[PDB]
Every structure is written in structure tokens, then in C-alpha cells.
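This document opens with one chain alone, in C-alpha cells, the form solved without the ligand.
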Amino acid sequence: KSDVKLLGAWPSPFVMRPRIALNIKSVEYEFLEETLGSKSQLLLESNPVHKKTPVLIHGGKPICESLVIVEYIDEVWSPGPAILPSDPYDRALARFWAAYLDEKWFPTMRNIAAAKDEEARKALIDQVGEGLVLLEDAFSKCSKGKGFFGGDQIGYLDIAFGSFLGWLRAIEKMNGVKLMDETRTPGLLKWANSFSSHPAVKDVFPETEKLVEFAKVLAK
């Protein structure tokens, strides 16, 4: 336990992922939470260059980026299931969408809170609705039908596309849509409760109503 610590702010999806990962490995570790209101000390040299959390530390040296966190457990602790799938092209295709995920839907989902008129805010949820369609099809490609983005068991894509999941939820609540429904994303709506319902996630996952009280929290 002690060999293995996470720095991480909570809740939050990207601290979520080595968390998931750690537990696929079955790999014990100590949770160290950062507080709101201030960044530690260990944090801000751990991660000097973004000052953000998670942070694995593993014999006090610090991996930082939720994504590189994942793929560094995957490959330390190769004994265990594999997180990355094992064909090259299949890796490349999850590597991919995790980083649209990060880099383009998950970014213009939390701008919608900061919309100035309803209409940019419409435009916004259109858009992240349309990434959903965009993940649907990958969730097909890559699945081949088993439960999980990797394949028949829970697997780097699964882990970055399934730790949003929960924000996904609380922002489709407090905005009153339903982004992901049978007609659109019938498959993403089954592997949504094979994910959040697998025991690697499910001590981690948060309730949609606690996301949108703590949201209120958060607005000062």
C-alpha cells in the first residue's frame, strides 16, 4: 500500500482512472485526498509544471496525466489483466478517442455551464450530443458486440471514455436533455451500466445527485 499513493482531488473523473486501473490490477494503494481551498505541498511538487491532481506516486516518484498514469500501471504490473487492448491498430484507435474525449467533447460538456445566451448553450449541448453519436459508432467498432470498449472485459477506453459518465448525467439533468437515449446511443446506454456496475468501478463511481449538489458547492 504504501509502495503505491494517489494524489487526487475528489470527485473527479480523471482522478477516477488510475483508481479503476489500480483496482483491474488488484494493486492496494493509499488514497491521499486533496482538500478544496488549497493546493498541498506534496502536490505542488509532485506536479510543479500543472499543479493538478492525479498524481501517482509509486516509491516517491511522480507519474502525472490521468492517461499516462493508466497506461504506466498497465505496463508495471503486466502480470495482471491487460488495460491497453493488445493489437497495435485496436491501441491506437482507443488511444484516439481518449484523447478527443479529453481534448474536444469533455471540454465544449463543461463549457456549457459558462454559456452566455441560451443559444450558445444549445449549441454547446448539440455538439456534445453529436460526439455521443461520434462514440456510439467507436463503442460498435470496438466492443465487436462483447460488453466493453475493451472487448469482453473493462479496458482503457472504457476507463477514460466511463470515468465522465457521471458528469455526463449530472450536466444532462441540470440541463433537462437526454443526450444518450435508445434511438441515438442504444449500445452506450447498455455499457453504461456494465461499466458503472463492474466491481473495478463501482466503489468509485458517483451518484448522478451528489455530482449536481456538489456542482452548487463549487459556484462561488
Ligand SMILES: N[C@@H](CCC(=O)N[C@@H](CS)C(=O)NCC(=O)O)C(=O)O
Contents of the next structure:
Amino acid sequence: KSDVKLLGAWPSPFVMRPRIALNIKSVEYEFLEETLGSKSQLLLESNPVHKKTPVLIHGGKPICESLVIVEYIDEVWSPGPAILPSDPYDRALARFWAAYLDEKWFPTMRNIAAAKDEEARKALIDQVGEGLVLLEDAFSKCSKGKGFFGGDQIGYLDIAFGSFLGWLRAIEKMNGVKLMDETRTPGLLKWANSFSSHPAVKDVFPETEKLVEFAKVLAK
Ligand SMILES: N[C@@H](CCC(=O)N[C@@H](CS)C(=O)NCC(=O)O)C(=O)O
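Please supply the corresponding structure for the form solved in complex with the ligand (the preceding block corresponds to the form solved without the ligand).
In what comes next, the whole complex appears, and the chain from above leads the way.
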């Protein structure tokens, strides 16, 4: 257990990602929580560039950046189920969409909370909605009618996108908007249950109300 350590704030969509990947690979690990109010020495020494989590420590050796960590886990524990797609083009598409999520979509939805007016706030909600339209189409293309972005089995892009699901639901609730519905994102609605119910996910997947109540705690 001790030769695999995961440094992580909790709850966090980025920290969830390697927990799921480690679950898929049936890998034994110790979870070292970063607590509010302080950055640990281990953190400051493991991730001096960004001073954030997750950090996977594999043999006293730090791997930073959640998506990089998921690929590392997939490559090292190659015995287990595959996380990335096997085909180069499918892998490129999965990486493209995970990058879009982290660079454009999630930052936009995280900015809703800080908008300075109702005008600008709905502008962001509309963009988050449009992004979900794009992701619904990506899901159709990636899944091929099977259950996940990865196809029959959960995959890299399921982990990247699904890790945000609890925060999407909390932002939906606290803004009184419905961004996933059966009209605009029918496939994602179904996948959201497939993902949250998955045995590699369900025990690390946040209750929506908990995230809402937690958002309220952070307001400081
Ligand atoms: N982009 C990073 C995640 C960045 C991030 O914002 N991490 C926060 C989420 S709460 C965190 O827990 N950082 C550790 C800390 O602040 O103590 C990744 O993909 O690895």
C-alpha cells in the first residue's frame, strides 16, 4: 500500500481521477489528504511548481497533473484493464476532449460563481450549455452506442469528464438551471448514471448536496 501514495485535497474532481484509475487497475494505495488552511511540506516538496494536488508518489517519486497521472497509471499497470483507447486516433480524440474540458469548459463553469452581474452570469451558463452540446456529440462519436466514452468499458475520457459531474450538478442546483436534459444531452444523462454507479467510481463520487454545502463552507 505504501509504495503507492496519492496526495490530494478532497473533495476535488482532479484528485478523483487517479483514484478511479487506481481502482480500475486494482492498485493498492494510501490516500494522504491535504486539509484546509495549510499546504503540507510533502506537497510543497512534491509539487513545487504548482503547489497543488493530485500528486501520485510511486516509490518516493512524485508525478504531478491529474491527466498525466492517469496515463502513467495506465502505462505502468499495463496488466489491468486498459484506460486509454487502443487505437491512435481514438486516443487522440480522447486527449483532445479531456484538454477541452480542463482548459475551456470547467474554467467557464467555475467562473459562473464569480460573475459580476446576472448578464455575465447567464452568458457563462450558456457557454457551459453549449459545451455540453459538443460533449453529447463527442459521446455519440466515442461510445459507438456502448455505455462509456471508452466504449464497453470505462476509459480515460470517462474519468476526465465524469470527475466533474458532481460539480456540474452542484452548479446546476445553486444556479437553478438545467444544463443536462433529455432534450439536449440524452446520451450524457444516461452515461452519468453508468459512470456514477460504476464500481471503480461510486465510492469516490460526491453527493451533490455535499458539494453545494461545501461550496458554502469555502465562501471565505
Ligand atoms: N489541474 C490539476 C488540479 C488543480 C487543482 O486546482 N487542485 C486543487 C483542487 S481543490 C487541490 O486540491 N490542490 C491541492 C491543495 O490546494 O492543497 C490537475 O489536473 O491535477
